[PDB]
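The form deposited in one PDB entry is given below as one chain in structure tokens.
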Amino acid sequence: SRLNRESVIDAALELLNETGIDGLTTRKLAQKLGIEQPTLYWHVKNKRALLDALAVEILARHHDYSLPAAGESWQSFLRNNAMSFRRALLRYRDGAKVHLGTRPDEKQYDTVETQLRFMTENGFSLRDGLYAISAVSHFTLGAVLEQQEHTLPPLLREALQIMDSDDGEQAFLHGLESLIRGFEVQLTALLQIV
């Protein structure tokens, strides 16, 4: 079939949904595209090259809320961006693990830059603004990884039914809010003992 970057990646993502990250190989990607292994190598050198490309494309394709709207508060921005990141990671099987394994990308670097400007304009230092964006990312990554992996005593028994009744979204959205408020309390305090 056709072997430009876009088609290769469409085929690799679709293969990702069939096999998961551990299962995904170039040899099976070559089968799906109706081509021999050495043809594929011209286009994609190894699994690691494939996964880096996949990590960037999952976000380009689906991480739709990467930038603040006109007028938007920093709280609201961190919320919408976390929700969008989460959703993009959930869209493909082992999506979170595909993301974790990769350093960020020339275009992802101008987006995070704009975010860091945004947070500085709203009164964060570079430091505290970086800590805020990192905490959000790490919390989200961790929640999604746990959700994607999974799928007694009393209190637990009831506990692990309120966590199962849902796919993890409620637990995530509540913790998101706790995190944002915690940042707000940090920020608002300036140099007072908080």
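Heads up, when I say rigid core I mean the largest set of C-alphas that superpose within 1.5 Å between the two forms. Residue numbers count along the first chain shown, from 1. Compared with the form deposited in another entry:
Residue displacement note: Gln75 has its CA displaced by under 2 Å between these two forms (rigid core superposed). For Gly123, the Cα coordinates differ by under 2 angstroms between these two forms after the core has been superposed.
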Second form
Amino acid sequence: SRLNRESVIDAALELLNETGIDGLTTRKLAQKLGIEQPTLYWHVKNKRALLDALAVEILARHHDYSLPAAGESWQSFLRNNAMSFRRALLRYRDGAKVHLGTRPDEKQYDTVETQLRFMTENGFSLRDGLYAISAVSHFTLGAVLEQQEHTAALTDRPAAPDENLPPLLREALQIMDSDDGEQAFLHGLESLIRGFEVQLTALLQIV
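With the form deposited in one PDB entry already on screen, would you show the form deposited in another entry?
Chain alone follows, minus partners and molecules.
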């Protein structure tokens, strides 16, 4: 089929979503595209470069809340941004995984520069604003990956017996099995944001 960049990335994203990073091989990508491997190689040579492109594409498609509304508080922006980031990463198998360790792409520079400047306009130093952004990002990535991977491993095996569990752990596992992860995510997100705030508002005060 067609092998422009958009279509190669579209096929790789479809494949990722089917069988994850491990199934994103030259043979399988070549097969989905109905081409031979040396044909594929002309268009994409390097798995990390493909993964990097997929990480960028996932957010282009489904990360809706990348910039603050006019007059929006930093707290509200980080909340809305985090929910959006989470939703985008949950949209594909291994979506969070593809993101890990990437750095912003040139297609994202204007957006992420605006995010950083926005933080600094709300009183953060660049460094403290980056710490807040990194913490929200890391929290969100971790939450998504644990959610995704746990669900994936139900398929590779049953959990365990209910029998030998101690009681608080038994209830905690019930609490966790009763939701997809969003409730715990939202709770932790607020705790994170409030701690950033206490830190920002302290200035040079002991806090």
